[PDB]
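Okay, here we've got a single chain as structure tokens, the form deposited with nicotinamide-adenine-dinucleotide bound, with questions on binding and movement later.
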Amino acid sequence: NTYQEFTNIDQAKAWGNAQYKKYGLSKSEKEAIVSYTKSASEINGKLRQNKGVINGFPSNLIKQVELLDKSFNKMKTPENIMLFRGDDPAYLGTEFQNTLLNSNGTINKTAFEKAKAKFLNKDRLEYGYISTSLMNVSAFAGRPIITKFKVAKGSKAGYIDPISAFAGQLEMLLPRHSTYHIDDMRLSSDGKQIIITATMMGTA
């Protein structure tokens, strides 16, 4: 099966805007999404710390998480699509925070082989929501790890760019507790990034 890869910003925005018009999100769902784009690192950080258990969160955050989850009843991709994400070294583990990058800006090759040993051809579960973009965008394309996600037709995925608090991000949000399988890992041509290819699964 082939996956749609946008290569033009205006073409991506036109497609995304068309999807967003059909969702019919409620007022409260939209509020939850806007706030998510302002506070995602904090929300996702708490979901990771507590392994997806929200019982101990403040009541307003439980409500927001519930509305974000509910929004995906309305938000599905109509086709196989490729999505993009930038991550910093901690994404790979605590052990990579201060070892992944060399002084000259290149990925350390020993750290890269350890990352492959740890993640290649294996499932990974993410407790947070996964923010992605329809293309490589400048806000995140300079991070040391770039992931290309293969997301199948009918999967939960929502273009929230129209109500994001930030410009230029072409954001497609994926649900929390998603599992993906890392199919490939390689160094970029200039040796400054790791490129990950992964197939998105469900939230089971």
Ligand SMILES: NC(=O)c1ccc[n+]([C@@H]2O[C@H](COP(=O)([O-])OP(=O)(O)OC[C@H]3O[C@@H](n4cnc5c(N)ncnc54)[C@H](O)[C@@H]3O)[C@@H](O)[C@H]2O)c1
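So that the term is clear: the rigid core is the largest set of C-alpha atoms that superpose within 1.5 Å between two forms. Residue numbers count along the first chain shown, from 1. Compared with the form deposited without nicotinamide-adenine-dinucleotide:
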The other form holds:
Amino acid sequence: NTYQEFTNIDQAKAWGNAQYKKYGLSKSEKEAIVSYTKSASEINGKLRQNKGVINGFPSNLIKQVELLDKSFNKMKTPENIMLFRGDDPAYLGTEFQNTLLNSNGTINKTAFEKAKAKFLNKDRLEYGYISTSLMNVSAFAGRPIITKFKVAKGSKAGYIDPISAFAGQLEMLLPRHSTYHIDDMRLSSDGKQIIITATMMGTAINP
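Moving on from the form deposited with nicotinamide-adenine-dinucleotide bound, kindly provide the form deposited without nicotinamide-adenine-dinucleotide as a structure.
There are no partners or other molecules in what follows, just the one chain.
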């Protein structure tokens, strides 16, 4: 029914750190996660390019992917929670790359209508892992698309921030090959961003 939305950075940090302490990640799992924060766009890129098939990857990358997948057996959220992600125009498709944004920096309204027609009330499968934050952090202030994921209690989700190679993102990671349903899409008050609300469902990878 209701999803916890953190409104205070220290509260979010406190809750996240308490979750992390309980996971009991293996040494190999922690290594795989640290590496993921340094090289996510590459890993996620290869997963998208190959539709989740890792057979042709280098041996070290197969091992890293298997360790990440396995880590989510220890990383579940204990409550209904709201997660946040910032994205650039290519997230909506090649066609939006050079058309979503006006010269002035606002969302083009015709491009917006094409995006809702394409995505609103539809399912979407993501082959890569999904990096998110416990809040709408300053790092995505400049990003034209904000997604809010409703993640249900018991779902695979881990607070990896304490071992991230990068600071200040309140980072919660979700499994690869996950499906979410886009419930709503609207413009922000100042018209510079698309706010998407989505309900997270399952992943097809359960090692």
